[PDB]
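A single protein chain has been omitted; all remaining protein chains appear in their positions.
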């Protein structure tokens, strides 16, 4: 009786694609443009006779939403709601005023970070009421949400899996998108926790479809003047020949050596190629001999396909035990095909020294909104209050950042610094590197923000500072 | 507050066994005796305080259903109904007549092929009404359906997700039963499309050792459950961090997780074996999606104990040498990884693998050769990492028994013997890279003042060949310890202060 | 004639809320009637098998 609808993903299995006429489905997206594209394709994939409506926060849906000429419904009805939570609260009655909702598909494309301010309890109540209304009217609702940080909200959605008939996510990974289907319920059954890869070609979302295990291939420098432990050890002078011989290997163990910082970039490429051509059976280890690494470079090597990076603090015996640790293990993580999108994450700010208030806030906000950066680990935002007897300009005189991604600003008797990729524990060392005199004889108090939400809130409270309260270095 | 009931299957994951109050679960079973067995085990599997009621047909439930004296609720209330469709319709209000079904568990054990006469639409309406009733009354219903053939009914139930929290089937296949879970939903997520092999051992249903990676929901993939000592007084880095005072509490919290990183802290060697047991339990109960990390804070680990922790199920042991930032990077290095190694059922074997010699000091030639041979014939020890066999030739000034006087092993697995002017010594679980360290610990500090040259064997074939050559030595050339009467005088100017070799200066005349 | 129509209207009026409240509270009426005695038929409690 009640028809089944289809999600806007090409070449998707019937178990994960259909949408019977009763229920609510939720979809998360990383960027607003991707949400709009998915909404347009979902409109385009439907049958000619089906009933479809689109509700968008953005004004003039006639300008941002389109139809397919070849197939799709003859007409779709657009709705616009003001930027108020009361719009979502009244949605059901407001639609009842204008449509009879029997077998009607509602695509709700919210604005960017639209669901960020909705409280947890009211979101739960909204989901429950929408499920009840959908089952009563035999209508289906698809919710498409372009957001940035929804971990708590995603946990809420997972806990409310009874109200939802399906939860999926689309994450941007440079050249391909990752479709994470938490669960999907249809007339063909229930599916649980699939991870799939989807790519956009011409604006269309299409799904992208024992012998030497004990062998150990290692650089000579890994064994600090030590005999080969077993028959299974081959010793190589540099990582180049090691890469060439590992190309042929299948499930062998490869141990690179990091002596110099300049090797990090080519090592990354080597690991990438070795993890692409050769599958998850191979085990890639990077033994760091001299202190020639940052946390960011280690994250890059881990993303490029290294099992783990062994620090230089660990002596040889611990490194050998760690080599024993990775045995029998497969590399389940995803390595993006594009290599430049990984190296671009090494330094995303590219601004040094003093910045005015507005440029500082814009730069830090832009870095915070970057999807291709570690969560809660993008940097540390610090506000320093100078002791009485010295001004913020004098504190700016005694402040010389050394890295590229470190920026400063002065305003409202505060010196506000941002240090990129620095962790909260290693903050005082950084401050000692920056200031000539000890931090403690120059500043009275320290406020620190290092989580994404905290930094965003501090930035939104830092734009409220009216001008003429900002500061510049004295010429 | 509401209870979480459990299905009567042993060794089954919490994902597929918990049944929270407020739902309807459907069970298709092959044989009536199997149905009654499952019903009885499910009755016995509940908490003592749990209120459970059973509904049966065409029999007296007081005679066919049994309660266990060791496990299960103290008392259950039985119900029997005539083999009629009217009973299936009236169930809700008939039960409401007697007891107010708040936080109760109703086991609906039907007659053979009883749901064969119920039409499709009325069955769907019944499922919807039962879902509504269960939600309102905060009670759970477990329908056990004996059926010779319900393929169409199974398909209808497959479409009917919105009225059931779980649909499962149990089919007999000659030697084992296959548990086919179409979908199962509890407080821990949604599982779907799993085929399991179960067997009835001593009348109790159990999972065969095929756990593999079947914990489909990974809702807590970002949660980091760590000991408070792992962060050296640093703030919790993210909201995903939950700190704990000790490993005991952390273990209790982690037994309910799915894919959360669990970071233990090791500070004393006394805490290695129980940590190993806990890790074994966790990896045996919570599958391969979990990330178990052991973080050393002070020097408290050997290579053998690290191997024990790794073989119990831990992904990585972080040395105390690595500072906190490196440790956090190593924590994030293991994200999204599955533990694909094999963890045995018996922890006793793993515990015994940590010390397979248990014999210290001087040995006869026979005892030494046999002990080393038995150590290298144990198929539970790392290859080419069992130990180091070293033969020492003394300097011309000293004999061999005197050199025996000059060696005092400290660890339990270290043995030595004298024969053919050769002091040969086996140090168990010693790598070739750190042989000098061991020799310095068990000899006066400069070893070139007691031995001219040494020969080292650290590979299994090499040590076997050396033992074969040593067994050929004539018994007349074997050595014996010198009696304490003559060994009182130091051979060299050194003395042993319990565990330290101190070198005593002696008078001499310069040239 | 007029008085007849007036009384008819009055009866109509008074009896519309009557059938409105009879349906509105119907579920509660049924619940109470069950509570009092009803007829607990079909499914019959066997006993408390301790």
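Each chain carries a letter (A, B and C) given by its place in the written order, and its residues are counted from 1.
Simple rule for what comes next: a contact is a pair of C-beta atoms (placed from the backbone, for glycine too) under 8 Å apart; a residue touches a chain by one contact, two chains touch by 3 or more.
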item: Among A:1, A:97 or A:474, the residue in touch with the chain that has been omitted; value: A:97
item: Among A:6, A:37, A:80 or A:206, residue touching the chain not depicted; value: A:80
item: Where the missing chain touches subunit C, by residue; value: 7-8, 11-12, 15-20, 22-24
item: Residues of subunit A (touch criterion as defined above) contacting the omitted chain; value: 55, 59-62, 65, 67, 75-82, 84, 86-87, 90-91, 93-98, 100
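By definition in this document, only the chains that are shown with their structure count from here on.
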item: Separation of mean Cα positions, subunit C and subunit B [Å, integer]; value: 62
item: For subunit A paired with subunit B, centre-to-centre distance based on mean C-alpha positions, whole Å; value: 33
item: Per-residue overlap in subunit C, given as positions that touch at least 2 other chains; value: none
